[PDB]
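Consider the single chain below, provided in structure tokens and representing the form deposited without ligand ORO.
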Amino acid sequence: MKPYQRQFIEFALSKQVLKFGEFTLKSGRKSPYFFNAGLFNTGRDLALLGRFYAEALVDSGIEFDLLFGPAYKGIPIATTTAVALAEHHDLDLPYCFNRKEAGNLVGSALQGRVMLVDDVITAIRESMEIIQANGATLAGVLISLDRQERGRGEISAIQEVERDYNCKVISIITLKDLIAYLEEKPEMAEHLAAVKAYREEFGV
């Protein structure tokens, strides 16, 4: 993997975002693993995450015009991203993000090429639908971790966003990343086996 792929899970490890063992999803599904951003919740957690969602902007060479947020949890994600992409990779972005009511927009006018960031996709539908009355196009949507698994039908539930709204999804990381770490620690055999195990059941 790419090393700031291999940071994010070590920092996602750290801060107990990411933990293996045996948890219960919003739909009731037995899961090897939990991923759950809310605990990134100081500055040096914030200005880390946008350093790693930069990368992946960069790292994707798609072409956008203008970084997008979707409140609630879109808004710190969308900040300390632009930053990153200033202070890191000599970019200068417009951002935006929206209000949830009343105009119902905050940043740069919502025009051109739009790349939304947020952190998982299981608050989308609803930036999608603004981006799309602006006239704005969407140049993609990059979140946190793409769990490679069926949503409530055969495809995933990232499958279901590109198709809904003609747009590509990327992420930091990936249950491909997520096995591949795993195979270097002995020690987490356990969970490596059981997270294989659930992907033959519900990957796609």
The other form holds:
Protein chains: 2
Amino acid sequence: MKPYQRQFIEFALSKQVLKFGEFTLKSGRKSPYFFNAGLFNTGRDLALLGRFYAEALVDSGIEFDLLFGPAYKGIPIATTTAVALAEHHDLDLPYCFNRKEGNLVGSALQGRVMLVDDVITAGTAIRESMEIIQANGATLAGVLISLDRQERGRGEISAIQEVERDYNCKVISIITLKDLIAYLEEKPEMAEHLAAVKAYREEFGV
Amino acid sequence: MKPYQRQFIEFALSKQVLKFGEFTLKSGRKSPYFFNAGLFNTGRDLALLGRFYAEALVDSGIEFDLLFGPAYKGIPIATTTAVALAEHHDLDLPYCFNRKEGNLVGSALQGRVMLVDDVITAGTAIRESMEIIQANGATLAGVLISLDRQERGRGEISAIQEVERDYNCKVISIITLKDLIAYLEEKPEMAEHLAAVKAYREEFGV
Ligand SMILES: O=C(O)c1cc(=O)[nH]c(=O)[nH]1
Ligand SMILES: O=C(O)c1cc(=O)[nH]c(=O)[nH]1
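Complement to the form deposited without ligand ORO: the form solved in complex with ligand ORO:
What follows is the whole complex; the chain from before opens it.
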């Protein structure tokens, strides 16, 4: 993995965003780990989070014209990501927010849009944003997320793959489950957690 | 005025946020100028806006423990201000957002709270935030805004003074009408606008 990906994992662990134990997902599936972006709850957390989103976005090389934050959780994520693109990459991006869970604010909604999210569990929320995007003449180019859990969704493919197929876009993640596994292999002291996650990948992974 | 205040005025003018002409305020009053924070609509705009809020906040010396962003417009403003405090002042502040125009997200709502706004036209929205703040055991210490227009509100005193009296808090602005007048006096080329604003201050100013 790239340096910034290792740094993001260490950041998420240090802020208790990424935790191991016995968690029940929205699916009802039981997971040995959980990524809770709600716990990025200070201004330094927001600053670093935006910088990691922006680095993932620049590293991907995907072309986009506008950064879209859908209410409610997308608005702060898009805000700090837009700030980080300007401050750390000298990129001045139009943004648009939907004050709707359309009431649009920000720049004219036009062009290739990058939607920001944290963790994808279903495609429904993305379709609502896609319809507002398309209703204003723009196009959904990609979805930017923190973590791709790389596990089956409702059908045979992963939730991220369902989004890419259904809405004909690219998904860009800061990290994936594969990266989390590679991180844990570097750390002798959490060998036990590494075994629990690898066990989880074999049963539910894609 | 301080350097950052002159820089904020030049920034607002360059991004068409601050405009002169014939505007009708929410009051129905006619003003030779209008400050439209909606036009801070790119990521660089958001980055600089957060930096100017943070500088105003640090310059004021007011003590606060948490930065509160009330939905909808307060959330991006609080986000970029919190980021700027961390990135440019090495201050890591808890934040809380109200996803309500209470559904609170962010850090535990506790302590001395600084609410963020853009332009105060009435105290009603601030009271709703104050009640959520007080309902969670915290206290409203201040309101941080872009521009204090320094004109009468509904009674004898200004809208900002009504907020300070009614909710027993301090209001911190990046700039005031007085600063705008001082800026225009430096600029021979807009002598005509300077006369129109001074005329407006004498009729409506506090
Ligand atoms: O599947 C989920 O509901 C889920 C998993 C996870 O790691 N994080 C999250 O926010 N939701
Ligand atoms: O009085 C208002 O409604 C008002 C004035 C101004 O300059 N900006 C704004 O957003 N509202």
